[PDB]
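Structure incoming, see below.
Apart from one protein chain that is not included, each protein chain of the complex appears where it belongs.
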Amino acid sequence: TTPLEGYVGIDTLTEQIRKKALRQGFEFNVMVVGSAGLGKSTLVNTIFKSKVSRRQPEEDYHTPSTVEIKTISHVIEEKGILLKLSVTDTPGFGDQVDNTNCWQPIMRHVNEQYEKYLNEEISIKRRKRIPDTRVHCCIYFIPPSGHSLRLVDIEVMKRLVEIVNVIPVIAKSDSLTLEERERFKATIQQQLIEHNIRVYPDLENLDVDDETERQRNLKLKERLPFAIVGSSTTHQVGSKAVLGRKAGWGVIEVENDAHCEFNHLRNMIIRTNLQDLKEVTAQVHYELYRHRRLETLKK
Amino acid sequence: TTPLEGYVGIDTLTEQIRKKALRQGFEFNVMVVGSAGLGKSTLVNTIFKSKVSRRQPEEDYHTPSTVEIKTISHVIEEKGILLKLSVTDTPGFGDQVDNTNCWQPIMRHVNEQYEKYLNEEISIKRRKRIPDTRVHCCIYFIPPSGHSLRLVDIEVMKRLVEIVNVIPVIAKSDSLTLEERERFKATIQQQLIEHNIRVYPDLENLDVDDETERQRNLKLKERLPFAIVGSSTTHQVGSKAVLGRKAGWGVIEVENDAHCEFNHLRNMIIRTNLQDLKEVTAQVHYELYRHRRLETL
Amino acid sequence: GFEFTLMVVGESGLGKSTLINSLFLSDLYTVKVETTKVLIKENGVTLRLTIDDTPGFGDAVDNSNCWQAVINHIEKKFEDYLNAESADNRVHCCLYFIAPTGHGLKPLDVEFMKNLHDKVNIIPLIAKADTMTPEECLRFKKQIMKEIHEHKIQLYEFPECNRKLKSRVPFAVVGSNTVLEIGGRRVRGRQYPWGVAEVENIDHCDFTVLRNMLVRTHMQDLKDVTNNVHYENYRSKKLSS
Partner (left out) sequence: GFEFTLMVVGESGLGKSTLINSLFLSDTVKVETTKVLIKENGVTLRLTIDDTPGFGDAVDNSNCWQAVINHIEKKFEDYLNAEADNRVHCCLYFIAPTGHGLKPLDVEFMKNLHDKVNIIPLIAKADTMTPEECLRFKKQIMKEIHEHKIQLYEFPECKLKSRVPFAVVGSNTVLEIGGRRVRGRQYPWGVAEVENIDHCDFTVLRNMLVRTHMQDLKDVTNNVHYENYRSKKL
């Protein structure tokens, strides 16, 4: 490095980038995948603390004859930061009598977004800034069976860990005691190792020169899958209002670490690994899709 | 558009981005274009307050028989931020008996950087992060004649403004009195309008909606071309150790706004419009280069 | 002694075994049918009880025609009884477990109850009621009943002896095997960091209603309807054909 003899002003550079962001807004695409009735819409509304799901939990739901993929778009503002958020859900996944090819529409959706981006990129008359419809996060909901993963879950996770970031969560964790939750987590982790399902955060995608990030992400992986509880209703406990669920024997607290693990999931999605998810999507998954497709479109 | 009901945490995003730049650092490329003996090396040393230029201003210099392009690279540390700085000088420019087609090496250098970026982008085995060697700024040095632009200067600026961000500066402005400085700036601006030379900042490359940033760039445009003075020797004036030049009749202070417009240039390059220069290079000049080649191929 | 046959149908991990242990207070514990015989000596009268579990139900990626095994089992028992006419091992009750989802009947449940409602008495139970709030439980019950009445499914209607208890169909059950000490009180329940969900509590789950109706109040009407309706109809075609 060349030593400096005064103040130059490179430190201001970050602020400049910040200012540019204020005029555009960051794009985030979440996709929830799981069987109907596991709390996907409620969890999306709990993470973003707004009615951002396509179907509100109150409205009636009918299982369609086919597996559909539905998307909804929103703009969320906080302290000058705009988030263009696209939440995509899978009505009819894992509910039919015959669930074969239930993961096909999901992968078709992800690959079609990649295709849109690559076609906008290759064109001669290209835009200055390419809109990003690529799925940045995929949250997979595991029913709280307490025994092991279902076969459909294993199949879909194996297919999906290859084209999109997947973060497993035990849906409706309020139904498991602490011992049961621990045993279920141990079984789920052993099964993930056995089937070699490498979920986000993949430590292979992190640089070796950085150790603090490696240890932090190792702790995050050691915590997975997350025992989550989602709810958009607040209740008075003690002398404070807490988001939670009310049953005759108590109230499950969403924001209490000793009750659930929603805190860790929301911290990773929003506060600690959002940009890492976007970077892995744009530098590991889209890059591999682009390589594979162009190695076929050589001519 | 969608009301919230608590702390989701989206505001943390900026901090996250910072932690991801902190490890990789930013990269900037400046190109100084002018004849010999106009303070280019001293100005580059003064902007970054370090011995960054290829040639130290006090060593030696012999005029090359051809216009050559030379590049130096450095890593600059500033409160945790790494800047990969490239400085490109053009020895031999505007100093020959015959200066016909003396803009070819400069345009060739810029187009070569555009070629490198495009050929790495189209490549199927593409790298995750393409190193940007493209020329982000072009500081053009005009000698302090006091009459008008040289024809060799008009030609090169006219060719350069179509592909590169050009920022005209009046070199060795301490040789100009204020009245002469104002007449020279007025004549240069009139000649730029007459020959249709559009220099950075250009208001056609800005969003229509934004106005508080449009006005600032309009002020910067009206102030061009800057009257700069560069130095690296610290002199004691009164009780202050200030950068400047000690003539036989006074100390010309570089950082003083009443003396020279160096502060405007350094604030525009380093503190206010660095990322705007990079963005305009990547989105206005690189894109026009891309559309021309792909139509050709 | 007394004879009874109870079949358990549902997806895995829905508290089926725990509920079966809880009702009968004993350590009783490819879709086929597994049979377990127990001899329960309680309340004076001795019951030789049969449990027909159907393991592997709903645990496959493709579940087409997975209800043929239970149909075959019921009809095989029917034929064995008909031949023996010239011990009542007929499957008298069938507990179907519906996942606590909160939306309505899945297509698999609809198909099972559409192709089994004229073979065996179907008692729909909402498995794991301790994961629903009361409002969700009522909404789910209403939606399930509406879809049952829409598809013309004939479930089992309990007879007159609890008026507000027999109208709680489909039942929402909670099962536990661990005895906890709540203020010196020996209670069966599940302990969460937020409280104790008690099995025998009438405000928590319908376990007591089901225990009373099935174990010791209406265990004979099930046999009677099996003999006089389902078995009679089954003979009404095989002999006719």
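So that you can tell them apart, the chains are marked A, B and C in the order they are listed, and the count of residues begins at 1 in each.
The criterion applied here is as follows: a contact is a pair of C-beta atoms (placed from the backbone, for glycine too) under 8 Å apart; a residue touches a chain by one contact, two chains touch by 3 or more.
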{"item": "Touch criterion as defined above, residue of B:208, B:258 or B:297 at the omitted chain", "value": "B:258"}
{"item": "From B:208, B:247 or B:297, residue that would touch the chain that is not displayed", "value": "B:247"}
{"item": "Contact partner of the left-out chain, one of B:11, B:77 or B:95", "value": "B:95"}
{"item": "Hidden partner chain, residues of chain B it touches", "value": "35-38, 61-63, 95-100, 102, 143-147, 150-152, 155, 172, 174-175, 177-178, 245-253, 258-259"}
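Just so we're on the same page, only the chains that are shown with their structure count from here on.
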{"item": "Centre-to-centre distance between chain C and chain B (centres being mean Cα positions), rounded to whole Å", "value": "81"}
{"item": "Where chain A and chain C are represented by their mean Cα positions, the distance between them in whole Å", "value": "38"}
{"item": "Set of chain B residues in contact with two or more other chains", "value": "none"}
